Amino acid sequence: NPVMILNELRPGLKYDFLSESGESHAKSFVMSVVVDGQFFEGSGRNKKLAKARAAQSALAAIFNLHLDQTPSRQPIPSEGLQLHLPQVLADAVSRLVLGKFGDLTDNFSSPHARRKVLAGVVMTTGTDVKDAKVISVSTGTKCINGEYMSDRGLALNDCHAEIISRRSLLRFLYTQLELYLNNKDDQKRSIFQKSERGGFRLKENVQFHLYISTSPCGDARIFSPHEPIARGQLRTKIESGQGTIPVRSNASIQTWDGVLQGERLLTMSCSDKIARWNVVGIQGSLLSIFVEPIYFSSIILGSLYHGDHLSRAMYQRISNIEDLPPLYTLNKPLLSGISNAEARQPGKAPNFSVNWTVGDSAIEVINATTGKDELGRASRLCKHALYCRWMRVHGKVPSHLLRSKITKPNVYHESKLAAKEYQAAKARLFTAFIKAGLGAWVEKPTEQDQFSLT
């Protein structure tokens, strides 16, 4: 018992409360300890849990790691063990994302800070870990409704936190390309190099890490957290409520007029989309025409971390993937929990999704049910807006520099199809899933990406 051992180890220790926050089950107190001259702390929804984790941090830093809680143990990246000890990275990136969220909501006071799932992307450039940078912050645990889907690329289909965070990572990527391409002076400050095999690659040792307040829905979350001692089915988000249900191994594929007479919109679960990302990259098809594949190095969970189930959800379940195009791969990033994981607040989901990318001055708020911002407009994150960025980047890069031949681009879907190797990796991923007994990916009716900018 942590404080008991800490006060039978250096028995004169006095604990300092700093700042209480929240209401009902969403409340947290911060507790601190001074022992052997080092300022420690933990977090917890009641005092005697925050103090317990503060004591655990003290004894970890001085003496030793406590109960080698066995599913609480982190897989490690195949390549890039560069940002030092996995727990120290995990705790750093969760703290960074929580701090940026605080800044973005009047120090957790704005009405938009009441959220169920927080998420974020954090960038490192160095083996040194003190030089991180929060790239994007998002919330949301909800999805557009059948009657609200856009044919003009003007509505966010998925507003779950992880997903919104990735779209903000795409906004950051377009900004970085435009930065490299606006001045020979600014090329030194872009995250991108000219690449030897063509187009752009990331400057060496630039890596991105993904934080989610909880485990992604679907497969990484199908376990009992109080008995950790197994069939990675593709699952789809149920419209209406939070949570997912497994893909039906035989049922008809969606079409645009069918989501308005008999059925709702079937969106893939966040586990599946992250697994997807671990093969095709986090940059999607359109960016791939300009840059070499980008993969996350870390998936840090602020709760419901379980090493086996997350391993399965994120890469192991599709180990059977074959013949990936060049530079694609089965990314096996670092997976970790955090120390003072947050608590389960049993309540109804918020209805808004918050997003912010580094560069912007303020968060943007989206009704996840209509995929529009709460006075009825298109998000900076939506299909149409990203495509607008992409068109502006295409206009500045010579026809030689492209990673794919695409000339005179008009329609979204066709510009996506121009990304031949990425579509190849997409097909390989789909087949891996089918052949593993895990169901077939549900794709949207291709009419909703059938739109020009005009």
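Rigid core: the largest C-alpha set superposing within 1.5 Å between the two forms. Numbering follows the first chain given and starts at 1. What changes on going to the form deposited in another entry:
- Only one candidate in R95, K133, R264, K203 has its Cα displaced by 2 Å or more between the two forms after core superposition: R264.
Could you give the coordinates for the form deposited in another entry, as opposed to the form deposited in one PDB entry above?
Keep in mind that what follows is only the chain, not its partners or any molecules around it.
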């Protein structure tokens, strides 16, 4: 027990009750202790657990760590140890994401903070804790239903939270480029530099770290969390709320006018999409035609972390990949849970994907099941708007800086196909997953990318 040992070691101790929240199931408590002058805190649905986590924090800092379930450890990053310690980094990103989300919901008061899954991207420029800047914040645990998909790319396909935070990341990255391609003094303010290998790369020691409030659906979550000691397949999401199911690598694919008869559009799980990001980067197709591939250095799970299954889900299950294009590589980022893991909350999921990016005034609330915003308007994150920002970029970029020949863009899918190298790394990932025996990525019909800014 933590409070037992903490109150025998420093018996002259007094804990403090800060605030509460929620009602019914939803109820969250923060308790803060101060032992030897140093302050600590912890969180849980009842007061005794919040105090227990504060006591655990005090113990692990001042004295030492308690007898720990070893799967709750952390795989270290690919090449280096350069942003403080893994658990301290992870706790930092948890607090930062929660902080900005509080700001965006008027300190968790606003009706849109009633979320089931929180995700965020944070950016680190260096070792100092002061170089931390929250890049985007997102919630949501649902997806567009088939009959609300737009052939014009004005409706959001996948509103799962971590996905929405990646798309917000993309907005931030495009704006970073808009900053670079203006007053030529603003280029030292940018996050980018001109790549010697042509195009654009990132300044030294600019790291993006991913935080999800839970283990991402799909393969990273298929375990019994109360008994550690197992196939790694691909899974599609399901039309009924949250959850995923395996694929069949040999049968029959779908259509695009098929949400009107029987055999619908499946959407890939979040663990599979995050392995995708760990091979082809996070910039995606169009943005690759501008910048060198970008990967995350860390992944932080606020709950349901397990080192073995997370590791399998993020990179291990595609060890067998080879023939990686230049600048590409299978990304083995930092995996780490947190200390005060969030607790399960039985009940249905929201129909809303709220999102936000640094520089934006307020959040944006999307109806997940329709893929458009609360007032029927297309998002700032759907395919069409991202194409439009990328077109703003293509206009300003000198053509000798491009990473491929796309100086005549008309439609979305063709501009996508203009990334030879990227789509090559894609094809390598797909054959790596098939030859691994795990499945054939469900390719969404091309007919929703057949739009232009026309």
